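Handing you a structure now.
Excerpt of the complex: some chains, original placement.
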Amino acid sequence: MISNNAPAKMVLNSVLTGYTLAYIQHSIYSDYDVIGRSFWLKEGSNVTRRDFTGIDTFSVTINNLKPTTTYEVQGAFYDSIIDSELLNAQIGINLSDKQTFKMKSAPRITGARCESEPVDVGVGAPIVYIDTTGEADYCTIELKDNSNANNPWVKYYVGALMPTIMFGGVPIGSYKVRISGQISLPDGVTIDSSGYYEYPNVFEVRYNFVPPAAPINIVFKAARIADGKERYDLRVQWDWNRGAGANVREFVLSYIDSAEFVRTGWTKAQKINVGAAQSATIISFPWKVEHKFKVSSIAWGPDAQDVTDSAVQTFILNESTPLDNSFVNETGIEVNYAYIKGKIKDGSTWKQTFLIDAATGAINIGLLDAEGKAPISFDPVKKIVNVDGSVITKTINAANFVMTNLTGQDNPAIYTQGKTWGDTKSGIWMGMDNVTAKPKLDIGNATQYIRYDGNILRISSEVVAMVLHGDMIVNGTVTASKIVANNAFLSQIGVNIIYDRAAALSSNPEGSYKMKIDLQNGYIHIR
Amino acid sequence: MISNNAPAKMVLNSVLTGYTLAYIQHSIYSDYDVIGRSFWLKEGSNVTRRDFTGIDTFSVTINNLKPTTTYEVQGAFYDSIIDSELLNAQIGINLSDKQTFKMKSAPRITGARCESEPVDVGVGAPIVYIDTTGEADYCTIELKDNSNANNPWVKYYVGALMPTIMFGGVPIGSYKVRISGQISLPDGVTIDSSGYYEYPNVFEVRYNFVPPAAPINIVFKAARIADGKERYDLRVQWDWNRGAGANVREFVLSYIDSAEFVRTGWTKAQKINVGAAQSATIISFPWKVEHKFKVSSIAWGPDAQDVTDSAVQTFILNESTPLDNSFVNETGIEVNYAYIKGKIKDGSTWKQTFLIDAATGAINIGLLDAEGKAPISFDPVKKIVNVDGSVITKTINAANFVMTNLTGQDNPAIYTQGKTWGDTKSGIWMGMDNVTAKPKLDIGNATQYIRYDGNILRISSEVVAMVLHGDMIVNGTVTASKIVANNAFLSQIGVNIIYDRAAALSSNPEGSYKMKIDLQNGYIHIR
């Protein structure tokens, strides 16, 4: 009736599994003869045995646990009654009920990625999205600069595991992430770590700045003029779309002369700043000289910028298709590319005085009365110098005598307008008449006057009509109808019938005489 | 003298209170007959009893703790000596001193709020301010997209509690936060959680971009001209204030013609970019044509922008109140809106030659000598064609004979200036004199000349004065004072007293003769 009742059945109160060790909580013992414990483990197909001599300890910590497996543990006590052999056999020794414990998996990375919002401008925070799927309580994460050969590892986040671990403040450059970890145990000193695990491939952080797209739908137009001077205004309009790249910042409008691009390309070209309205204007655009127009979509990134330009689009303003042209405000001196002129506004009669036209070289002055001419207007085309009138004239240098533009029917002459050779009026006419080819002339009326034609003259008037300043040896014939004188130193005579001035000047020349010597019929009558 | 001394008094070494369970540390036992422990709890007004059979365990973990209350716990041991009845009575059984333990409150949220700095431009980090006021050691925080019906919860921060928990990197969109938690215990396996606690109302994250305010205090001014051509320069100045909205970015100056706004509104309008100086300029502004001016305060936000405009303010430059006008640099061809002219600079005498004025239509040429006229200046107003002098004249087409502008006192005439009909000078005068209504004329001196008046003539001169080219039947009277001839074929005679040229041409016509037949007194003297 003497026996050694074996120590009571073994129970396992609590199990806490580390990565490579499990801390197991058990019950108390008896039998006064115990030596230790004999723990059996079921790996799934193979079994192992361990021994823990010394009983003062109140819990056990198995080690050398094969990674990633659920084990079944068997508790037990043994005394000197049962030897090592029977312990191997496990008969007579009490054993625990079957309990299986899970090994917490190592910290596993499942996704690493950099991301932020599409950067518009300025400096923005780039976030780091690293995803882990293990289990621990003191996980550690480290980064290393991939660029250089040596890079003392750097640890940035230490804490509990998460499906997605995100933290900012990382530098942009190359950095690859390793993963570590530890698991705690109620026994204070013991602490189990995990093997380092680096991602197979590095990743690179960068700002989300992306070059934008160039503007499209370029359209042109212009306002014809300003008030005067024909200042032609050119406006540039275009549409820029959205959907790819970065949010474009402002623009820059660049253009150059057509004839200047050929000699040199897009250097020294005309450039102006642009607003956010997608349309800038040139207020005084050259006329008839073409131009190459380009619009640039300048972007802006946190570190620098980059520009995408539209395709070249040349255009020139001409007399075709202007709009918004209500700047024709008459000012009295209307300078235009097609003409420079001076006019005087009045009522509804735009009375114009001065003009120059670059279409026919016409030069006009003074108000118009002719169909297309004015008193002192001009026309170098089909040249003509046309003028009239002169309030003050105290001089000439050449005669201004002949009349031309018709060799025969503009008779060279200075005369009274409206009267000529053969008019009863008392007007005048002088010069070289050409309807007779020689000078005509007439001064005075048609009865008391002086007439002349190039060949001959007719002066049917007297004067007081022989006034004498010299001695005459008459080369013509001296005829007459009557004669009164004081004496006569003659040469040869004629007197048909001798009257006397005793009768001649006396009344009736056949009057009182005393002897009439008629030499015609033997007539000597003596009284 | 036989007794079972009850197990010694019970002490509670340490207490650690979880949310729903308290881990209590106790002392060791004796008496060889113990069964377990009998813990009494004082809720404040009601008591509960629990039993823990089995003594191998070294500490206890009460459960089912009513939330948010300080409990008084009573430790105890009991043996088979005292039954369940006496255990209920609690007499003879030793009891512990009175200790009260506090239950740590659940994780409580007290404030949730999004905030950052007022965004000027670019992408900025929006922070999330969530405030919790509980107590735990493994607090968890999760966000959920409020927008969609289904949103797999997301956990972002795991760590110790804090008065204010702030973490960035959250998306802008809708997100509401729940709160969880756990509390650890020295016993490894046990871990107590907390019930989920979602904020009653969601909150929405957004950038701190706010529309700015429009510019104010609009003021205009202009510089009158450029060097020449009267290029009028218009400047726009305005003041933009600060204190509300976002930090404005740049501006855009838009304006349109007055007469064009009526037909169409703020479309196809003139627009230019603006700087940060709050003032942009138009270098060649139209003259006398009004304009509607608006200045836009374009903002810029991280995702997009928005513009607040000022009120319309129309203005036109005129002859009133220009400034900074020191561009009057004479160049010799001064084109102006009020006149186009050409002048020659010299010393302090701005000698001007050419002119056209858009105030009176005046057209001027050549240097001035008259009060308001020049030799070939003009004035279509009160029209007059004024010219003088001609170095070369080889032609005319009409006579240029009459004189007008005074029908009577500008006598039609071409004559020597300074001499006329009745002057002793040897000058000339011709034409239709009108102070007598008919031609006056005089060629030569006052003694040997030819005079004429429209009616009659006076030629007091001779010629070699009867030169004869024809035969004369005299229709007047042929008088005379002396006569010399070679013969005479007469008709009737008169000879008072018969002298002879034997005496007449001979000296003393009463000289040598031989018989004088005087017919007056019977006088026949024969010698």
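Here the chain labels run A and B in written order, and each chain numbers its own residues starting at 1.
We adopt the following convention: contacts are C-beta pairs under 8 Å (C-beta built on N, C-alpha and C of every residue); 3 or more make two chains touch, one makes a residue touch a chain.
**Q** List the number of copies present in the full complex, noting that all chains share one sequence and 2 are shown.
**A** Total copy number for the complex in this file: 3.
Operating definition for what follows: only the chains that are shown with their structure count from here on.
**Q** So, what's the distance in Å between the C-alpha centres of subunit B and subunit A?
**A** Taking the mean C-alpha position of each chain, the two centres sit 17 Å apart.
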